[PDB]
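Heads up, the chain below is alone and in the form deposited without the partner chain; it's given as structure tokens.
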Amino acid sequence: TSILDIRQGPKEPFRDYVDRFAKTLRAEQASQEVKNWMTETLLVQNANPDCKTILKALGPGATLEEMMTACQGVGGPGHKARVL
């Protein structure tokens, strides 16, 4: 698949979205600098409205852990949650 295709669902937990993004980025062939630029552009760009707004409030210096913790309330169970 391509990193360009990873976009957050409207109810998708940030943690699930960033996990898909990171896994897809590992599989992408690119230099480390290009991967850093991919992350700096597309992760916030392709987040849902509430997560995108929270990420922007953290700023370009934000770490993954800070992003995940700041976004942890948002969205629904997601597709990995087990009810049955």
Given for the second form:
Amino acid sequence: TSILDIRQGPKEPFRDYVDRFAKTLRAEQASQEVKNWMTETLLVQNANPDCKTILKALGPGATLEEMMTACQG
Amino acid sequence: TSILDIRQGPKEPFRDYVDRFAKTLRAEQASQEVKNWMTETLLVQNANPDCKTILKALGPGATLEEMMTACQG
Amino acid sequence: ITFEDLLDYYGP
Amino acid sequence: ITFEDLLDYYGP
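Moving on from the form deposited without the partner chain, kindly provide the form deposited with the partner chain bound as a structure.
Full assembly next; the chain just shown is listed first.
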């Protein structure tokens, strides 16, 4: 239930993970600043080795679609 | 009013920095497990460089009391 | 991304 | 350092 425990499985498709992430966070009780920061922080930090590598590589300015396409696979 | 914005001044007593972190944190709207998380991440992360070095040299197992005793003056 | 990026894609 | 440590230290 905690957004903090939303973690991507080794074989779990990225888009599956981001889906679980987005839906936990929307129902999460927090301010808007925090949610941005959780999005900017946890999403990358909780991803699997490879998707973490690919995301950190794109940068904080990366867009969700950029992230989707790169991790598609 | 955001907890994310509480930062220690270069010359602000660490005593005063943690005082505001607590007031803001308890006023903030979040789960207790999120508050736990903000404490373990943001408190050290947003210290002034001098204290950051000290707090990182104390180890992740230091108590709030110990942390005060080091950062004195 | 930002929280706003997740709301546009997955919704509120 | 936990959030409960801050409440031991600062209180209510």
